[PDB]
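**Student:** In case you want the letters, here they are:
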Amino acid sequence: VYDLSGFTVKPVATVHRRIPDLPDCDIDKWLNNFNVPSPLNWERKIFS
Amino acid sequence: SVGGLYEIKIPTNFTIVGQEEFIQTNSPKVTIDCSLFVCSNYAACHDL
Ligand SMILES: *[C@@H]1O[C@H](CO)[C@@H](O)[C@H](O)[C@H]1NC(C)=O
Numbered sequence: 041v042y043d044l045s046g047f048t049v050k051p052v053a054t055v056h057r058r059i060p061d062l063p064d065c066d067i068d069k070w071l072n073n074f075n076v077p078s079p080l081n082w083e084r085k086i087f088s
Numbered sequence: 059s060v061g062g063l064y065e066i067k068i069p070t071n072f073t074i075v076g077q078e079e080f081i082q083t084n085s086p087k088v089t090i091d092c093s094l095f096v097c098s099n100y101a102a103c104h105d106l
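If you're matching them up, the sequences are chains C and G in order.
If you count the first sequence from 1, position 31 lands on 71 in this note's numbering, and the numbers rise without skipping.
If you count the second sequence from 1, position 41 lands on 99 in this note's numbering, and the numbers rise without skipping.
So here's chain C without its partners, still in its complex pose:
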């Protein structure tokens, strides 16, 4: 009697959930801002 390698049931569908209608982060606009800070006063922006 041979115990064969364990199988897992293959998924029959894919569930993808995202929050809709979220605005664009505009990361490029803040990175391309021409008022660039020095490392002494490095600037932070939080994208969420």
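Hints in this document: simulated from the structure, not taken from any laboratory.
Keep in mind that the hints are not guaranteed to be accurate.
Heads up, simulated SDA-like pairs for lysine to any residue below, C-alpha to C-alpha not over 20 Å straight-line [to be verified]:
| no. | chain 1 | residue 1 | chain 2 | residue 2 |
| --- | --- | --- | --- | --- |
| 1 | C | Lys69 | C | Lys85 |
| 2 | C | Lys85 | C | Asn75 |
| 3 | C | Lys50 | G | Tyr100 |
| 4 | C | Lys50 | G | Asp91 |
| 5 | C | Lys50 | G | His104 |
| 6 | C | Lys50 | G | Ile74 |
| 7 | C | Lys50 | G | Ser98 |
| 8 | G | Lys87 | C | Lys69 |
| 9 | C | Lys50 | G | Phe95 |
| 10 | G | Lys87 | C | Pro63 |
| 11 | G | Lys87 | C | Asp43 |
| 12 | C | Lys50 | G | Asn99 |
| 13 | C | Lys50 | G | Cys103 |
| 14 | G | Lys87 | C | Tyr42 |
| 15 | G | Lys87 | C | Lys85 |
| 16 | G | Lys87 | C | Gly46 |
| 17 | C | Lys50 | G | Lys87 |
| 18 | C | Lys85 | C | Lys50 |
| 19 | C | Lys50 | G | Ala102 |
| 20 | C | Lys69 | C | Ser88 |
| 21 | C | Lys50 | G | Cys97 |
| 22 | C | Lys50 | G | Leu94 |
Chain G with the ligand: place on chain C using the hints.
**Tutor:** Frame of chain C, contents of chain G with the ligand only:
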């Protein structure tokens, strides 16, 4: 021994007592799929 006789307590009445004893002769037959335990469903883990 008073003379040639010793003092002994000899039963004059009796009953029958029952005592249980469990002796383990078997244990659960644990089987491990080492591949499924170590790596679950992951091809990258099964390769390694
Ligand atoms: C033995 O003991 C039982 C219960 O203690 C009693 O009913 C019985 O009469 C006794 N027998 C004798 C011979 O002492």
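**Student:** Each hint should be assessed against the structure and marked as holding or not.
**Tutor:** Tested hints:
Between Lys69/C and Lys85/C the alpha-carbon distance is near 11 Å, which keeps this suggested pair within the 20 Å criterion. Of the pairs offered as hints, the one joining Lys85/C and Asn75/C holds, with about 14 Å between alpha carbons and a cut-off of 20 Å not exceeded. The hinted pair formed by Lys50/C and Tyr100/G meets the criterion: a straight-line CA distance of about 13 Å does not exceed 20 Å. At roughly 19 Å between alpha-carbon atoms, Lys50/C and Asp91/G fall within 20 Å of each other, so this suggested pair holds.
A threshold of 20 Å between alpha carbons decides the hint, and for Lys50/C with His104/G the separation of about 17 Å falls inside it, so the pair holds. Of the supplied pair hints, the one linking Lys50/C and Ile74/G is violated, its CA atoms being roughly 64 Å apart against a limit of 20 Å. Simply put, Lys50/C and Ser98/G have alpha-carbon atoms about 13 Å apart, close enough for the 20 Å limit, and the pair holds. Under the criterion of a C-alpha separation no larger than 20 Å, the hint pairing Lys87/G with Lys69/C is inconsistent with the structure, at around 64 Å.
Restraint check for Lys50/C and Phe95/G: the C-alpha separation of about 18 Å stays at or below 20 Å, so the hint holds. Taken as a hint, the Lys87/G and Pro63/C pair is broken in the structure, with Cα atoms around 58 Å apart against an allowance of 20 Å. Among the hinted pairs, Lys87/G with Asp43/C is consistent with the structure: their alpha-carbon atoms are about 13 Å apart, no more than 20 Å. For the hint linking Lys50/C to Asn99/G, the alpha-carbon distance of about 10 Å falls within 20 Å, and the restraint holds.
Proposed proximity of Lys50/C and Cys103/G is supported: the alpha carbons are some 18 Å apart, at most 20 Å. This hinted pair checks out: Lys87/G and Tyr42/C have alpha carbons roughly 15 Å apart, not beyond 20 Å. The hinted pair formed by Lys87/G and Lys85/C fails the criterion: a straight-line CA distance of about 59 Å is larger than 20 Å. Note on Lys87/G and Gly46/C: the hinted pairing holds, with a Cα-Cα distance of about 18 Å set against a maximum of 20 Å.
Proposed proximity of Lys50/C and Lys87/G is contradicted: the alpha carbons are some 29 Å apart, above 20 Å. Taking the CA atoms of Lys85/C and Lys50/C, the gap is about 42 Å. The hint is violated against a cut of 20 Å. With a C-alpha separation of about 17 Å, the suggested pair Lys50/C and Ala102/G falls inside the 20 Å cut-off, and the hint holds. With a C-alpha separation of about 15 Å, the suggested pair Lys69/C and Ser88/C falls inside the 20 Å cut-off, and the hint holds.
For a cut-off of 20 Å, the pair hint linking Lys50/C to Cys97/G stands: about 16 Å separates their Cα positions. Our distance criterion of 20 Å between C-alpha atoms is met by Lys50/C and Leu94/G, whose separation comes to about 15 Å.
Figure legend: structure checked against the earlier numbered hints; hints not met, in rising order: 6, 8, 10, 15, 17, 18.
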